[PDB]
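*Asks:* Spelled out, the chains give:
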Amino acid sequence: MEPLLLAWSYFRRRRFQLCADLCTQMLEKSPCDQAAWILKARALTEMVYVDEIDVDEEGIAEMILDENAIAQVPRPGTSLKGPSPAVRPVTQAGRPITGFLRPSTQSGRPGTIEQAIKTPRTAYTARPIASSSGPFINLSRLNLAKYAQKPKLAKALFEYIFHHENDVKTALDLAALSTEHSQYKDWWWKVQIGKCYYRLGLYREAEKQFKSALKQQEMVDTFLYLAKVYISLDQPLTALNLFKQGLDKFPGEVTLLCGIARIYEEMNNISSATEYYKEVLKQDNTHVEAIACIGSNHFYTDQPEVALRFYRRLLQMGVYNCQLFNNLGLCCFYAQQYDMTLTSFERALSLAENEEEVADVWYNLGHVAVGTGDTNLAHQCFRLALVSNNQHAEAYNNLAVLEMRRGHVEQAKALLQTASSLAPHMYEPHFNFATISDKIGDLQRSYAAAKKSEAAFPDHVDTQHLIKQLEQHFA
Amino acid sequence: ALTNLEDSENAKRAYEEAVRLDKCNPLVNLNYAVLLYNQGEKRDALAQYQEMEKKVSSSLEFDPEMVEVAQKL
Amino acid sequence: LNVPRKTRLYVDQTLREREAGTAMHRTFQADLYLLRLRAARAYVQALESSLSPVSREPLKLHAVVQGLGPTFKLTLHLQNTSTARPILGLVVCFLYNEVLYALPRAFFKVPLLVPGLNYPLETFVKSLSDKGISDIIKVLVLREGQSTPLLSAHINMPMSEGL
Amino acid sequence: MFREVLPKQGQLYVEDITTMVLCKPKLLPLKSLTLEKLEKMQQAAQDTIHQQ
Amino acid sequence: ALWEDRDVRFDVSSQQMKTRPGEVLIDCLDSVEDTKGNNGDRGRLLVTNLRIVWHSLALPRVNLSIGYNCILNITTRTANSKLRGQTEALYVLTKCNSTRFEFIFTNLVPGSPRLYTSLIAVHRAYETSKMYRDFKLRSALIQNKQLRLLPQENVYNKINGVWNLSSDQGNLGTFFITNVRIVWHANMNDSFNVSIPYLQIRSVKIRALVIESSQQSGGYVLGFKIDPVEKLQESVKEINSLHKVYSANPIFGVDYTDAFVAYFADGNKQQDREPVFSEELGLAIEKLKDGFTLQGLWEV
Amino acid sequence: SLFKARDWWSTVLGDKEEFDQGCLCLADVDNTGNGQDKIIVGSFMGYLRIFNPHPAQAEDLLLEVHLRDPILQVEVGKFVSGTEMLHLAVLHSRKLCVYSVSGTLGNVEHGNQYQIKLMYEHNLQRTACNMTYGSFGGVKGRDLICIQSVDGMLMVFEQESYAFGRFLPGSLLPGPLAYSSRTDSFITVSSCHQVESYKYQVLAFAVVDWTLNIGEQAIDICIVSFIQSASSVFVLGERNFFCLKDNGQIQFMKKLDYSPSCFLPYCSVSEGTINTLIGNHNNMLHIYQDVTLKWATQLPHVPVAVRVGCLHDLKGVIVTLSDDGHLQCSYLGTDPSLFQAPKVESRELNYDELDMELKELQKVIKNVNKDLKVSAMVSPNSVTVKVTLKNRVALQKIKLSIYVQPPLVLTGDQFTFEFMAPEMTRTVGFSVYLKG
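Here the protein sequences come in this chain order: F, W, G, Y, S and H.
Numbers given in our numbering equal positions in the first sequence, counted from 1, plus 12.
Numbers given in our numbering equal positions in the second sequence, counted from 1, plus 17.
Numbers given in our numbering equal positions in the third sequence, counted from 1, plus 1.
Quick note: the fourth sequence, position 11, residue -2 per our numbering, numbers continuous.
Numbers given in our numbering equal positions in the fifth sequence, counted from 1, plus 590.
Numbers given in our numbering equal positions in the sixth sequence, counted from 1, plus 156.
Hints were generated in silico from the structure; no laboratory data involved.
Just so you know, not all the hints are guaranteed correct.
Ranges between beta-carbon positions, derived for each pair [to be verified]: (1) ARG30/W - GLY857/S: 31 to 41 Å; (2) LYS162/F - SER385/H: 37 to 47 Å; (3) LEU683/S - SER502/H: 20 to 30 Å; (4) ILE4/Y - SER621/S: 47 to 57 Å.
Output of the computed footprint for chain S on chain F, the stretches with three or more beta carbons under 8 Å from beta carbons of chain S [claimed, not checked]: (5) 316 to 325; (6) 363 to 373.
All residues carry an ideal CB built from backbone N, CA and C; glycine is no exception.
Please build the complete structure, drawing on both the sequences and the hints.
*Replies:* This is the structure in structure tokens:
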């Protein structure tokens, strides 16, 4: 009923708008009521709130021009820097496609700055890569020295400045003043200062605060932050040890186990990533990350029925996407559940909300067509994958294969060149171009293409045979 | 595969393509004759049996069903 | 040998197919007829709107955007894919939002496309939006005389990241 | 009645003649909740800009 | 009898696909297609006062009729990006005769249809106007010795001293006869009230006054005694005259065979086993199948 | 049906209503003594509705009284001095009212009536936000209630008598309030993320027994006491789930990756553990023994309050209530329905219509293989040129642009005509001159 009471109830219920508006009203009506002020702050900052553990974002500057790793040639297995590319598709040369996109996945690192600007903006990130990673209250006006004396206002105002205004400098100033006031004996302000430092790029001054907070109160968030720091310094084994210490404190925490699995899967050790994802399953059994990762892995290691079980589980728990339904249609067609494939593909096409998702669904429908044995429907599906996303190297490769099957060698050559220019990390257009070049002579381009094939997927046997043939011809 | 899918006219036309295409394998003729017999036809089943015997080749099971359809026609 | 292991799911599903294979077969044939219908539909629509960057008159075009600032190098890779015949009369037009983007030369002619060679044709797009606002940019390759685009390409221009 | 007799030998390759490789079917990765919310927020900003 | 708001029927006769007397058509759209049935059959969707009717527009034999007192979840899916226009879809989720049905209606023409908004608006009006067409006990009908009127309602008469021949202590009440319902509320404990709408009344007579209600939604025998028999018969006359004048055109207050198997919301399941108590979880859980267990169903 | 909240007696509860936590209650308010439960629901309008579901129908609603002012909290307990019978306490912003739901029968099941008789009322000189109740101290056969004003003040009423009121120290917004009996302590979650436990005697005498800096602020706090083996204070933070010991430290904690709305630790099944029940803003219920997820099921609505009660000869029925009005009893669905396309025979493929369309489209396909005049006039005199462009249909998104040469320059380069109606004429005029 009353203004403040109803604003509180709205905020509790995650309205975040009715309480904000009613707070504007109650503030204009009575210029002296700080409860409504901090409540409007909370509503504002929680409309936009995002988990800081998951906000790991890396720009080109932080990839190339920010050096913080101690070693330079660490032993293989002690730094972050399965199905072969002949089975599991790849996003870059290494790091085949995953089952779960978090906003911190890397899937490689661009070498130079030229290598990074001249590459599709979502090749090493889960969002377009950057160069670096009226109003409510005016930040310059309010004096943090006054708010930091009272923590009830201090914590909410800090959350507002750090998560809404995104001004890490004023946030760190308020956090420093507030930690001064509280005589350095509350873990929360330590963790907030650590987050501010980690944003500013000072990973050791942030590790210091996370460590000083763990000594005060062992909480899941501090372990996740500290492992995030230890991974920013490129020390995966320190992070694994910290995670295991956390799991010693919290005997079954799913976030720690999933962090361990993410590390083991970024070190490209799927044998332990899958074991820790299986532990997460033994704990959660609705975990989207664990189920998607084990499901993809099962699909690609000659077990589409088990992957179908896992994705059907994701569908039972109320997930309704374009990716989920594409995956379901694929696992159905390959598990030989021919009665549930094409309806899942149509549902996926319905749910698609991009032009890359539509292109991927038409690409997979073209694969279903190729399997069914009709190259005309396959032709149309690959061409529609191109219509929906012109930079779809796989559609070009498969369409060129079908063309070369028809007899159109020049069409196939141009399409394979476009593909191998769009995705240089893909061995298939390189190998195809080299093969149909050697078939017609032109051993120069045949060799130039076999070399890039072997650069993309080196243990490929046919590429080795072709390279040896061409090197014999050269001598 | 179509005969066991409750779809026998497509089985007919598929067998028609098969017998027009195949020259030196009587198993196609034997299977078409068995389809015709089990369809109660039994008149062109002898035509299929004759096409088969014009092509003779003995699998261990290709003989028994052959001679059983034979004594039946 | 690394012959895979088949769990109970495989045997249960081959059992359900052994009992009820005819329903699966009929429903798959129905869904495949519907799929051919929808694919022919979408393909006819793309032919109608000239949305395909690959479709006599043998040509191919894709576009690349390079740059992260308020200025992007939009390079069009255009290729004549034929045994031996050049393509004389071609032009490229850009359809863009004249508020968000500033292209100096929208319309320009295309050189004699020697068969088998990739021609990269550069342009400089400039994000004019003072905020971060992206938009699509279409590229029509078409003969001079005719008025129906021989083909089209689409480019989702990335965010400005400028000022 | 008579069951349909079937061939038993099957078809075997005698040589590995080179062929053309197709790319492989792609399982689309599932987006996290935080990634979904970031995309939602940026799309909503673009939208509330477009309406003017 | 009225069934177009209470049931979800398939392959309806062209006489029942037509506007029931009290019904009014609200909106329509052509080229709507039926998904959750993968026949690819184009059709035509129609939103009426009481239900949504889809029919094939080429073979109108195959069609669907979904009532508003059966729909639980009506959602709109705006998707299908630039490849064509935004082919908006509609998702209806219903529970009829204890079975969950799901219908997907895809507007093939790429434009966004205004029908999907009128649908939800009229459904909201339907749900919010159930005091017109349903039986209610002990509800909130009286503000202060005075009835609370519906949107389309006029109170015709108000009789006093009306006893209730269903209790023994809280009896002396008041009787409001209206153009949409007859209500009785006690003098003391004004929370003891009954409201019977003419749609539910089947027969009014004297036996000392007896209302017999429709057995299709609960057959109650409500008896009220009035002191002067003259006023008794007068009220009987008024009530029956109002019932007949209402029956010719019902108000409804809305302000503004094996094919059904294909429309299962659950999927290959149409009945829930009996809910028992699970000692493992400590909650009520539906009876487990023979072989299955809770920890064997929870694991992946 | 697997992993769905299978429905039971359910009903929507008004016309654009508004409910919160503390509205939904579930107890034997009628004092039947049998053991069933009756669903009580207050509203932010005044509609105190009490139901006894019998699976909807019309016998379910015991009563639907409408009080003038909104109903913030509803509770059921021994709120009257002498009798040991459960009563119904209703809390509005500035009023506390304890009723007595007495039902008297009629000869027929639809002739029995129920009345709520006001057993007493207290005026509140402050605007309340919520309240809790218990045996303050060690008094037996009593449930005296503490009401938290929205400006941080615990006003304790021993039934029928305003006992006292103490200002909570250092609080701006109001938080969730709970009462522990194993420690005789009020427990709050203040605005500075501090879970604070005060002793009741220290409050009555007036400070803080203990504190714990959890990382956020709490929606609900449930001190569950069905088990006496070890008391534990459960806390639902706005991001994390906590179970705390009686001394103050964390017994365990889980980091939810979702936004919780309501939680309820119901009875436990194993030895030492406690089954708990948390609802998402993704309208999904999670059953967690300790921190291990034992089950998860999709709710119809985002619950604002969940309870688990025995309703009409069935134990452990889940009773959810939203803020729209969706009130629903439910059980958990444990049928792993087969994944198979339906074997319908009526629904077949209309091959004729579909084949006409397919032949049409295939015709366009096999055919693909085998209206605006622009005129420029240059004046004979920086010479001024004028371009006249005309149509014959209703063209749209028209753009005209002029390209002369590098040295030559134009004063106007682009002209945008959004729509021009049919057989109409547009005329632009620019001027070209040498620059260089």
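*Asks:* Can you list which hints this structure breaks, lowest number first?
*Replies:* Violated: none.
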